[PDB]
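Take a look at this one chain, the form deposited without inosinic acid, written out in structure tokens.
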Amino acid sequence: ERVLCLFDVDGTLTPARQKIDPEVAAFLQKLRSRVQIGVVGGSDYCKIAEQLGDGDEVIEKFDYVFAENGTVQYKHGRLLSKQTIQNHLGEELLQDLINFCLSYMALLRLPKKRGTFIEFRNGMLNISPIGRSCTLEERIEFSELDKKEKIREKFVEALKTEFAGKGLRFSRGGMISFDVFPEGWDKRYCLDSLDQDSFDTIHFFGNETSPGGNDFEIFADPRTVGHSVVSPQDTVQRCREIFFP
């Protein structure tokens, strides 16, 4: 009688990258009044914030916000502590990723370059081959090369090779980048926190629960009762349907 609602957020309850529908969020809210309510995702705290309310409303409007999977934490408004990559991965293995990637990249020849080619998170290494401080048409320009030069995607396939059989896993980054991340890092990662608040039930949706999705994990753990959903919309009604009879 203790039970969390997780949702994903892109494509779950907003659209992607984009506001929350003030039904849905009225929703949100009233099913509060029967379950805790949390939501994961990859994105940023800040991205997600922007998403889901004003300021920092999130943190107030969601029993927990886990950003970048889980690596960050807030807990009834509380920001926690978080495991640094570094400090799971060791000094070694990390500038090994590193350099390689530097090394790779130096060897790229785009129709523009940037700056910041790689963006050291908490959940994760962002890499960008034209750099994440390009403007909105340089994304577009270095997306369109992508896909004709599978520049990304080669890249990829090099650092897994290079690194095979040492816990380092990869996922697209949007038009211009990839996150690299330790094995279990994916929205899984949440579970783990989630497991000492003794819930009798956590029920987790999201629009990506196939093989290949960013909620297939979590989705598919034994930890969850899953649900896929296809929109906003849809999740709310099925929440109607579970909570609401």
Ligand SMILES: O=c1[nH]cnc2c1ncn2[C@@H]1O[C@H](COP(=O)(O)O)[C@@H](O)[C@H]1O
Given for the second form:
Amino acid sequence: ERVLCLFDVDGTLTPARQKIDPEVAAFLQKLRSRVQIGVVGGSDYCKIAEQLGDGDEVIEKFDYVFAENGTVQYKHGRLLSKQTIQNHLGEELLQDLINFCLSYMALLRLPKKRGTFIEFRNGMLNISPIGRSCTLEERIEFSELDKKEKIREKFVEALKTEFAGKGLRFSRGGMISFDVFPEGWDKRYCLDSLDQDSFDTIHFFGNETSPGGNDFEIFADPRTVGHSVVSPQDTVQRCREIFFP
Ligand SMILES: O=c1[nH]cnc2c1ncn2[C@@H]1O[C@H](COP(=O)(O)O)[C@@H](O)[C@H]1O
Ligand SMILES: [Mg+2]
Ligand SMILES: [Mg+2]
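Output the form deposited with inosinic acid bound next; the form deposited without inosinic acid has already been displayed.
After this comes the whole thing, all chains and molecules, with the earlier chain placed first.
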């Protein structure tokens, strides 16, 4: 009788990068009367909290908050100790990756460069040829050039070949950047901790559950009952069907 409903955020509970619709938020608390609820998203905690409430409301509204794919975890209001990428990969491979990226970017000539070309996060390194500290206009300008020249795509091809067999994965999306993360540090990462919390059933809901999507792995994992949704309204409807028939 112990059930967790675990939700992707962008396009599953909220419009992408935007605040949750109050009506959806209301349903989630209603659902909470029957099951525990949780979110897992690739973004950092600050971004997730921003979309799901004011201040740190998110950690009171949800029983679990998994940011950066679960490498950061809040469980019933309490922050757990974080996993760092350097402990998993080791300093030598991490620095090999960093230096390859620095060397590669040094040779790229762009309309503009700024700063934060390599952002060190808990769950990944984010690599941006223009640099993350660029304005909106600068970002769009880079993006247009990127599509014409396949700048990020070529960089990722070179990276994958160089590190073949070494257990690194690379994101396929993004606008001015791409993600580098250890194999298994997709959304499945949060499942290891959840394994210990005595749930009879964990239902996962996501809008990117086809191959290539950032929900595919957690959706397909045998530890979850998987649900594919197309919008927050679809998500609410699915939960109504299953939990309030
Ligand atoms: O494949 C993707 N799917 C979802 N998010 C991504 C993907 N690739 C990068 N991101 C994240 O999306 C955010 C915004 O991307 P940006 O437009 O390149 O800054 C960054 O924090 C990235 O880590
Ligand atoms: Mg999504
Ligand atoms: Mg599954």
